Structure formats: structure tokens, C-alpha cells
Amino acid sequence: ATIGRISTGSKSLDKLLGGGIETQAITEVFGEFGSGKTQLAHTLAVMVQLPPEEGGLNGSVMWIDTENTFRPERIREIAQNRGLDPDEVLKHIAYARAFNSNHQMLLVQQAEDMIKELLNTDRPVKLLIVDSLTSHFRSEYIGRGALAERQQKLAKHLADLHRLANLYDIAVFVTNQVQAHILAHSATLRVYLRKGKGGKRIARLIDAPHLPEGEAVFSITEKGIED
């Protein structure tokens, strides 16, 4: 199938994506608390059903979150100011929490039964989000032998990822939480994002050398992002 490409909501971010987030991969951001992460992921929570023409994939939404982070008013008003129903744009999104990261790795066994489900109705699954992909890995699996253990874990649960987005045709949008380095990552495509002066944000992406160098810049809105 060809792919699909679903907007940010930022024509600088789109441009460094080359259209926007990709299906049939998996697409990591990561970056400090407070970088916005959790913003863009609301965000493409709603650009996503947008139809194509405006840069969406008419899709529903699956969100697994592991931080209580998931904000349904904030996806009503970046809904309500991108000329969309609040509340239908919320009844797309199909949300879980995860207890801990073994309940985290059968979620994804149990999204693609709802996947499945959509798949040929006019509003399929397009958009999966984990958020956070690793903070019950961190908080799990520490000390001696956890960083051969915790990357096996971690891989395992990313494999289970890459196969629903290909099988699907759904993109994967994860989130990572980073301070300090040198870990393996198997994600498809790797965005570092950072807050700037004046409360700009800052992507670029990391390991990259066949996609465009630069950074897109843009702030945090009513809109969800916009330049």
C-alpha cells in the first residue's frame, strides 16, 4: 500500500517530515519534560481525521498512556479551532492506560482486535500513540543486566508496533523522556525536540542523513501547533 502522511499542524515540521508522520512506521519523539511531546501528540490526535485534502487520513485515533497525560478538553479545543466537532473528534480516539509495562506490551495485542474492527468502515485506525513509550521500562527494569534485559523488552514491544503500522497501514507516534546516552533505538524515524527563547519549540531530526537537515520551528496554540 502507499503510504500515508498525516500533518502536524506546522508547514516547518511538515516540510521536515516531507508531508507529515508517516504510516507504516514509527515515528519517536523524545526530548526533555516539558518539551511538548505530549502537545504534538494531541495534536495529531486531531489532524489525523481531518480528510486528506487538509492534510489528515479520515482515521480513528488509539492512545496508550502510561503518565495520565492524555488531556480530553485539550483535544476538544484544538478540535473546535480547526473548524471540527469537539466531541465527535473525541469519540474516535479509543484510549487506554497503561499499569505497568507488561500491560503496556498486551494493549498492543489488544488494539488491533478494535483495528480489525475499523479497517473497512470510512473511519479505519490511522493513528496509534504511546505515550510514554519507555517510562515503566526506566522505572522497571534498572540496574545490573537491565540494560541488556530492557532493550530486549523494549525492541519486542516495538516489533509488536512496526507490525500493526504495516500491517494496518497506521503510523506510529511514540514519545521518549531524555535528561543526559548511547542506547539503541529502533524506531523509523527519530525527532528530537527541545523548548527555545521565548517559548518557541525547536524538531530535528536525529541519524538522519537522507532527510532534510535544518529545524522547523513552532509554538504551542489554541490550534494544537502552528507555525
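Throughout, rigid core stands for the largest set of C-alpha atoms superposing within 1.5 Å between the two forms. Positions refer to the first chain, counted from 1. What changes on going to the form deposited in another entry:
When two forms of a protein are overlaid on their rigid core, residues whose CA moves 2 Å or more are considered shifted, and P72 is not one of them between these two forms. The rigid-core alignment places the CA of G214 2 Å or more apart between these two forms. The Cα shift for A146 between these two forms, taken after rigid core superposition, is 2 angstroms or larger.
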Given for the second form:
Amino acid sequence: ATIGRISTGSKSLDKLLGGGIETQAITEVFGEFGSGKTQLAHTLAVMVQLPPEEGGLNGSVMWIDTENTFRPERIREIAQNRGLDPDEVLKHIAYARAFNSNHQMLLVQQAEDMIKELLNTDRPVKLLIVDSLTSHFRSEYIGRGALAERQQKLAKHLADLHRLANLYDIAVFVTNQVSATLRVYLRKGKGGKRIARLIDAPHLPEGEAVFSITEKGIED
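What's the form deposited in another entry like, now that we've got the form deposited in one PDB entry?
There are no partners or other molecules in what follows, just the one chain.
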């Protein structure tokens, strides 16, 4: 299938990314507390449900939450401020809490079931979010005796995610804190604005995009 792109809500950020985040790819967004990476996740979970003319892919969402950062009320707010129906938008986000790193890996494996079910329907899964990719791995695998296993497990997890992205034409979006992935780094700008910097993209030039966080999620 042709690569599809989901608008981030920000024209500036979309331009930096070559149109939006890609299906058949993992986009990995880094940032510190309050960077906007989870706000971007919430915005994408709304945007993807729109038609292509509006920046979406007529899709469903699956969301794996590792430390309780998913906010249904924020989804409703973004949906309503974008002229959408908040209840319908929420219904098409399948949610799973991951309690630990093993569970998180299992959830990605098992997500394939719902992906298969929705595949040839009116609302195929088009966005799979893991927020965050590494919090459990960082917490569980401490020090050097644990580094080898941590990297091996994380690598396997990313491979599973890549497979779902490629096989089922899904945009995978993961958050992290400091190929395989397209890496975007968020930081605080001036006056409450946020700045995204794209780094080490094989076929997109590095660059920066300034964006805002609003009742619509993110936008220029």
C-alpha cells in the first residue's frame, strides 16, 4: 500500500515531517516533562479519524499507556474543538494499560488480533501509540548486569512494532526520553511555544518546527 500520512495538527510540524507521520513507520518522539509529546499523541489519536482531505486516514486507534498519561477528557476536548463528536472519537480508541515491560511486549503481540479484525472494515487501525516506549524497561533493568537483556527485549519490541506497521499499513507513534525509527526531539521554545527538531532522518533534511498547544491539541 502507498504510505499514508496523519497530520499532527501543525502545518509547520507536518512540513518538517514531509506531510505528517507515516504509516509503515515508527515515529519516536523524545521530550522532557511538559515537552508536548503526549499532547501530540492525543492530537494524532483524533486527527487519524478524519478523512484524508482533513489530514486523517479514516482510521481507528490502539493506545498502550505505560504510566497513566492517557486522558479521555483531553481527547473529548480536542475532538469537540475540531468540530468533531467526542463520544464517537473516544469509542474508536482501544486502550490498554501496560503494567510492566513483559506485559507491554505481550500487548503489542496481542494487538494484532484487533488489527486483523478491523483490517477490511470502515475503520481499520491506522495508529498504534506506545506512550511510553521505555519507562518500564528503564525501571526494571537497572545497571550493567541488566543492560544486555534490556536492549535485547527493547529491540524485539521495536521489531514487533515495525512488523505491525509494515504488514497492516499502520503509523506507529511512540514516546521516549533521552532507522529503526524516525526521531523527533521536542523542547521548550519562547513564550510557551514548543519546538520539534527532526534528527538523523535518512531521507528528510534535519530541521525545526515551532508549534503551539491549544484546546485543539497542537497546531501552529
